[PDB]
Amino acid sequence: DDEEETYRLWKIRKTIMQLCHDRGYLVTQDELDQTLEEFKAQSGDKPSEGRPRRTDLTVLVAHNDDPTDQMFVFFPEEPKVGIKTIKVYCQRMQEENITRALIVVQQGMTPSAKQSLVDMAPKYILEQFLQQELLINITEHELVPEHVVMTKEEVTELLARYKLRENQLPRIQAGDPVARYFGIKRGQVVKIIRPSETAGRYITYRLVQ
Amino acid sequence: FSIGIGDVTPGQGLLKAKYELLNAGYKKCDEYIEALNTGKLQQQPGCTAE
Amino acid sequence: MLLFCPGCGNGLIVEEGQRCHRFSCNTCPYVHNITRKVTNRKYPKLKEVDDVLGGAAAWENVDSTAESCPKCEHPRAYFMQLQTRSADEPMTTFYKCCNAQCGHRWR
Ligand SMILES: [Zn+2]
Numbered sequence: 001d002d003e004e005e006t007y008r009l010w011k012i013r014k015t016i017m018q019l020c021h022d023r024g025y026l027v028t029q030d031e032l033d034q035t036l037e038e039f040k041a042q043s044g045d046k047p048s049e050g051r052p053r054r055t056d057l058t059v060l061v062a063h064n065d066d067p068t069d070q071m072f073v074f075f076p077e078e079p080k081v082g083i084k085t086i087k088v089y090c091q092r093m094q095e096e097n098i099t100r101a102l103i104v105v106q107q108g109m110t111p112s113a114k115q116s117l118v119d120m121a122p123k124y125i126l127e128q129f130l131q132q133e134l135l136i137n138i139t140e141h142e143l144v145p146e147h148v149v150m151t152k153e154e155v156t157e158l159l160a161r162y163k164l165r166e167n168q169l170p171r172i173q174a175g176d177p178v179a180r181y182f183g184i185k186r187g188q189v190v191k192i193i194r195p196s197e198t199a200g201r202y203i204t205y206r207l208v209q
Numbered sequence: 001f002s003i004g005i006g007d008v009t010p011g012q013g014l015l016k017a018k019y020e021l022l023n024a025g026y027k028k029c030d031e032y033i034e035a036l037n038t039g040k041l042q043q044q045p046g047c048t049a050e
Numbered sequence: 001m002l003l004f005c006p007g008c009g010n011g012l013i014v015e016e017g018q019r020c021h022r023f024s025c026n027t028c029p030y031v032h033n034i035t036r037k038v039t040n041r042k043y044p045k046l047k048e049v050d051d052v053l054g055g056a057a058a059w060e061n062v063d064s065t066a067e068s069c070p071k072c073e074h075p076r077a078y079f080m081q082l083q084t085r086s087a088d089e090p091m092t093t094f095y096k097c098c099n100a101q102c103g104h105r106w107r
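Chains as they are written, first to last, in the numbering used here: chain G, 1 to 209; chain B, 1 to 50; chain L, 1 to 107.
The following block holds chain G by itself, in its conformation from the complex:
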């Protein structure tokens, strides 16, 4: 004990950071290849480490298009997150003056906060991931073909090519694990590059509903 939990912490940090990079926010390469021993060097052993704070991260910004757009990552400690804790998180958020933030739950989170997690504000939205899921980054799994998001012009050209109306494309569910990974909203489009049985590749497009 105190070694498996630290391994979990390092792994979840690695995967979440990979997701931040993939979404295109600011990130430093030297931290991408951070080792577990490096994590021990930069953070003490489990008994000496405080879960609700130690891992909190907000360095990532949307430097891809706007370095001024900061983003916040939180890691509660209680097995089920409570209303008061998210109220503290939301007041801290308002103090920081940001739009969105990510939350990592250990085991669950209370039903009243389940309901609140859809209607905090039109201008603010929150995204919750399970520790269990984050332990592995699905993007690397063998059975998940590469997904890519594209700009509105690309979809314009595509729909012009086949002479289609947007609502004719194949669908992809919003709650899909990959859709959650990419944090994409309804009405976007996704390209897929299925690895053929041979060197070839097949391209197909799916819409998020």
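These are calculated hints, taken from the structure and not from any lab test.
Heads up, some of the hints might be wrong.
[What the hints assert, rightly or not] Listed below are the simulated BS3-like cross-link pairs for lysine-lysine, each with C-alpha atoms no more than 30 Å apart in a straight line:
no.: 1; chain 1: L; residue 1: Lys71; chain 2: B; residue 2: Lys40
no.: 2; chain 1: G; residue 1: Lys11; chain 2: G; residue 2: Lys152
no.: 3; chain 1: G; residue 1: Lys87; chain 2: G; residue 2: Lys46
no.: 4; chain 1: G; residue 1: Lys185; chain 2: G; residue 2: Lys114
no.: 5; chain 1: G; residue 1: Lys114; chain 2: G; residue 2: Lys84
no.: 6; chain 1: G; residue 1: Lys84; chain 2: G; residue 2: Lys11
no.: 7; chain 1: G; residue 1: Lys87; chain 2: G; residue 2: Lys14
no.: 8; chain 1: B; residue 1: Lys40; chain 2: L; residue 2: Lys96
no.: 9; chain 1: G; residue 1: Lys185; chain 2: G; residue 2: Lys87
no.: 10; chain 1: G; residue 1: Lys84; chain 2: G; residue 2: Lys185
no.: 11; chain 1: L; residue 1: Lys71; chain 2: B; residue 2: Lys28
no.: 12; chain 1: G; residue 1: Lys80; chain 2: L; residue 2: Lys47
no.: 13; chain 1: L; residue 1: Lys96; chain 2: G; residue 2: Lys11
no.: 14; chain 1: G; residue 1: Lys123; chain 2: G; residue 2: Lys87
no.: 15; chain 1: G; residue 1: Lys80; chain 2: G; residue 2: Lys185
Given chain G, put chains B and L with the ligand in place with the hints provided.
Chains B and L with the ligand alone, transformed into the frame defined by chain G:
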């Protein structure tokens, strides 16, 4: 072209081989059942003795 | 194991209402105080402890000696054993091997 019982009658050496083989199998069959019922049989590491 | 009243042949329960616990009947005033101890239970029931230490669990159960395969003998399948059902029930030993693209696991 024809088929007749001359074409499905066993030959000489077949009798002898069949006799010897059938003997062999039965002795081995006896040996295994004796090893089991005495408990000396070595359980195969994928199933029970039976 | 069950207890029954000599006076009425019915099952006995255990209760305390004085300095010492007793077996007593709920039909007749027969009572038998228990001044000493007895050593047989009802064999209670709780389910299978499977993944309490799943995955790469604590490292305190390392051991020195291990067996080997008859085919390839690559370096990674150190021993484990386990149990079947219950206190008076037997134990079973298996041997399982997992590199990739196969299904091997011996008994
Ligand atoms: Zn009675």
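Quiz item: If you check each hint against the structure, which ones fail?
Solution: 2
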